[PDB]
Number of protein chains: 2
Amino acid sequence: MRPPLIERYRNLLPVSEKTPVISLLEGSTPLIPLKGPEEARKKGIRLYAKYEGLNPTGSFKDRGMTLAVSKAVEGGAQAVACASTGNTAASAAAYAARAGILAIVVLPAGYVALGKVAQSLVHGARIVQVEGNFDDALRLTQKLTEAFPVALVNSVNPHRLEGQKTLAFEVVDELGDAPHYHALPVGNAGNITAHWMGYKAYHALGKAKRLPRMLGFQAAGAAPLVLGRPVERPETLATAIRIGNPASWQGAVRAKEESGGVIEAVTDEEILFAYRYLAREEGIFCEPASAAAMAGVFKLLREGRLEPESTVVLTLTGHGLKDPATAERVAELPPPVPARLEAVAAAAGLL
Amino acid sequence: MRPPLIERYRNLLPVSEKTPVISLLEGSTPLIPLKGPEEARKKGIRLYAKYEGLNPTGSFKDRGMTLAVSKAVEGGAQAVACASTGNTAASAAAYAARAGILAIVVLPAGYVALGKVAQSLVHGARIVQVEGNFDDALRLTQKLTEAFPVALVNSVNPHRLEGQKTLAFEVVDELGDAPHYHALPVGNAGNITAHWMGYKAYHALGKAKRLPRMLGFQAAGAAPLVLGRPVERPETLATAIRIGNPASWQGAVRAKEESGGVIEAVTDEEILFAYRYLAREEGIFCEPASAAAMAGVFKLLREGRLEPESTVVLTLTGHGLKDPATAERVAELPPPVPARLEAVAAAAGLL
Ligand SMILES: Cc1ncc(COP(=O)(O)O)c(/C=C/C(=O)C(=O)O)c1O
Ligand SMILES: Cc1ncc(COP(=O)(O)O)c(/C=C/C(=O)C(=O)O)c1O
């Protein structure tokens, strides 16, 4: 039912009958139609959540990583490396283990979500925590791949974006056309770039009449693409996108311009509100960075910038399980009570 | 555009045109073929992992919750409740948020993995932590639902087994037949019961040529089914199955006897070994309780109790992200180093 992504889109990918397919059966994730928000519903605006949290490692990074490691192995690579806020690393770690090769991940000290650390650890990856942020780990890791015979699997590797563009193909395959708008978070910018590549590709093939407007959102304390210049000290509780100098900078600007979309900023508070809304009202638990997409939609809706009767697809990038710690910021765990029908019923608000 | 689990198997489920479908697009999870291990491959025994960690809330529980909540709302239920070691509660909280009703979850204080706690919290369930174990909470929750107008969604509710049995349907649909063996964890015994149900069904319907042996595995410190009597003080790091008086006790026993299988114990050490093996050797990150199934296979493989030239399927019940704390048990996180290629190469072990 959920075939190797490489196999599903073999026709549109730079692969051949000799490409070793290293796959954990990624992609083909649910496109969940949302109930609200109330604002959008009484405006005929329909929202769909492309839940990338259901990929093998819990994020969309598996999409780009399956093609990257597959091609790397095709080249005889026996190790890969990458800088990461957490998810790309977890993906490299898992696929390396799958391929039977070595994985080296460089993370920003103290700025990687507990779940993501747990993954690299258990998958037996070679972890290097550096005293710097993501942008520092990215530059460091690029050299690391030039000092040792290790394949770089960061978005700079063309295969990453080639694989990630498959998400747009899946959205069109399921809806029958491209949506009026597609919202997503923007970190190092590889994803928004890949999305746009996918939509233009299906459009040129005549599988999508319309080209959607790409709506990219960044945390206010790490919005380089929104200010128009790098952010040396990016900050945000949504650590997945605590990036101040996106590698695919031009890719995103181009995607924005060509699609007629935008790349704006949402505050950490708005992120947490959207974060809570999705889990509590829609039953969809994504990580804070992913919630930035919904927070961006709330923003545009609030400003009356979304046309009535339009379709909005949001790429919810990572599963909520990736960042357990943040759950404590939108709800508190009640203290224990005696194991008695009376005590429980009272604590349950039934008495 | 992609049907909910209830729809994929509507003809085999207790639903009708009157049943409102509460779905998060669950089921249809990957059946990943494993590379080994060596003991198996040498005997010509192939293994496949049904990765239920990729269901919407990260556990096979979604299969039953979708049917249980839908059937609850069809009957007018305004709230649902369940005792839980974490996954049934997370599932319940999510499907309740989806259906727009209340979810009350009774958790054993101190014995629910934090990923699972983060889920119930963010999804907005009314959490009640009791000073007792799962068995205590289940007993209390059954009394609570018989006392107040709240539908019980624990596996005691037959709808949960009807939903979960679909896993076997999917395994057969993909493999074309049922495996010689099917191993899984046994906690409150609802899953093994449903597995046999689904297999006996497809077999009679002519879809399943043979019948699997059903190999259930419990943690040594919480193996009432292996002991023959309830375990008053269940103990194990795999808190998901820290259960001493399984509700589906009879269903588990009959499934064992009827399929000519076994319900055996595995140590926590064997669990960890299996846990690391799957994530580091196969690239699949499941939680400890899930690994108990692989630990059982390693056990039968070494005891020479698995027939050569056989197919073995394993139900990996939950995603590793559910319980990140256990990662430190099989791997340590290296302390930070300066942001210098020089220092990173050293920390990477490349010198
Ligand atoms: C959940 C989640 N949501 C959004 C992004 C932003 O996507 P891009 O704009 O394509 O970079 C990330 C990024 C992660 C990393 O860059 C890494 O892990 O190294 C993420 O984990
Ligand atoms: C990952 C995981 N693996 C295996 C089991 C055992 O299956 P059952 O024998 O059908 O109960 C559970 C059980 C969880 C609960 O019983 C609960 O959450 O209340 C689990 O979370």
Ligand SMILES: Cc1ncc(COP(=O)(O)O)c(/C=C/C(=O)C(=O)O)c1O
Second form
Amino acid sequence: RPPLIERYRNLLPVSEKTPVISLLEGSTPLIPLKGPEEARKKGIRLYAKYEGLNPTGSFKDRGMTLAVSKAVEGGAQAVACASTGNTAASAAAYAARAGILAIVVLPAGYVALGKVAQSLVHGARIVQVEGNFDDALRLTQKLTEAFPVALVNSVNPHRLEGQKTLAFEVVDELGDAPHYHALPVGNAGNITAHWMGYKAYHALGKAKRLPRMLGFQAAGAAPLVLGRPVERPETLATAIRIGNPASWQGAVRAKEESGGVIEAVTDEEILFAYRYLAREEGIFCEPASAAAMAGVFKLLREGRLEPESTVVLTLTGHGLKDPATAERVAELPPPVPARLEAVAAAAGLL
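Could you give the coordinates for the form deposited without the named molecule, as opposed to the form solved in complex with the named molecule above?
Next comes a single chain, given without company.
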């Protein structure tokens, strides 16, 4: 578990002067999946790159380590972002590591304490402003122009470069790029970065082939599938509940250049893949992450994945990031007498 920036120093926009702000992110597990059965029948092998095991529980740590390191190199006294979710938590953790501030401007009364609790524990400066979400993104931009504050949003070039390393790790472990690489698509910075990584490694010669990128969006927030902005995005998969992806062009180019696709999966399909991963593979990831698996299930049922191929899935966040979705009223059986046979019966051992 080396610092990501050091592991791929020669391939990243860093110099000897770059302060390495690392929490030893990256180098996450690439878990060979048992199935599904639909895949093994065709000799198709799936591997899950478990990004939920990064320092803050999100793949964004890959980009944040580089973005914060570069921000500090440029004399930044703080970093800022528009998100109230994983980006903010990652920014806050790396800011804490760097000894600088993490600023998040949000419309007053919008977020819940629980959603930003992680970032706050890291000491994030959450600034609720008496204005529209419009004013938030705006005041943030201006803050970056009037003060030594770096914007660490999805389009930050350093976040994209840092995120590209996931592809590097996959190739290092498998020996070549996979035939397919499935991942969730929200603001699309991740799919853009994945493709950047695969192309760079291909140019370097470490990867002989280029994978077909398979991006998946929740049906309720599928602008890249519909080919138009979605004004009212909705989905249980919060991490990809985006109607106007910031990296729209990057995603389309990744899709076209790789010979891949960007399609939609329903919330029911996402939930099914979510349960499948947890109950059959023992992998607990958040709903958005499960969208990638739902996408593979979709293409498998449609017979669109060639037999004997290798499919890698990027599970972007840990299941513990969204306990709400896992805390549906369980409706557990009534308790039983404190007797062994009663327990065994209830346990389903009889």
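Residue numbers count along the first chain shown, from 1. Here, rigid core means the biggest group of C-alpha atoms that superpose within 1.5 Å across both forms.
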| query | finding |
| --- | --- |
| Which one of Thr236, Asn245, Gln142, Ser248, by Cα shift of 2 Å or more between these two forms, core superposed | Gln142 |
| Per-residue C-alpha change between these two forms, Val337, threshold 2 Å, rigid core fit | yes |
| Core-superposed comparison between these two forms, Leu107 Cα displacement 2 Å or beyond | yes |
| C-alpha of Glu131 moved at least 2 Å between these two forms on rigid core | yes |
| Between these two forms, how far the Cα of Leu67 shifts once the core is aligned, in Å | 0.3 |
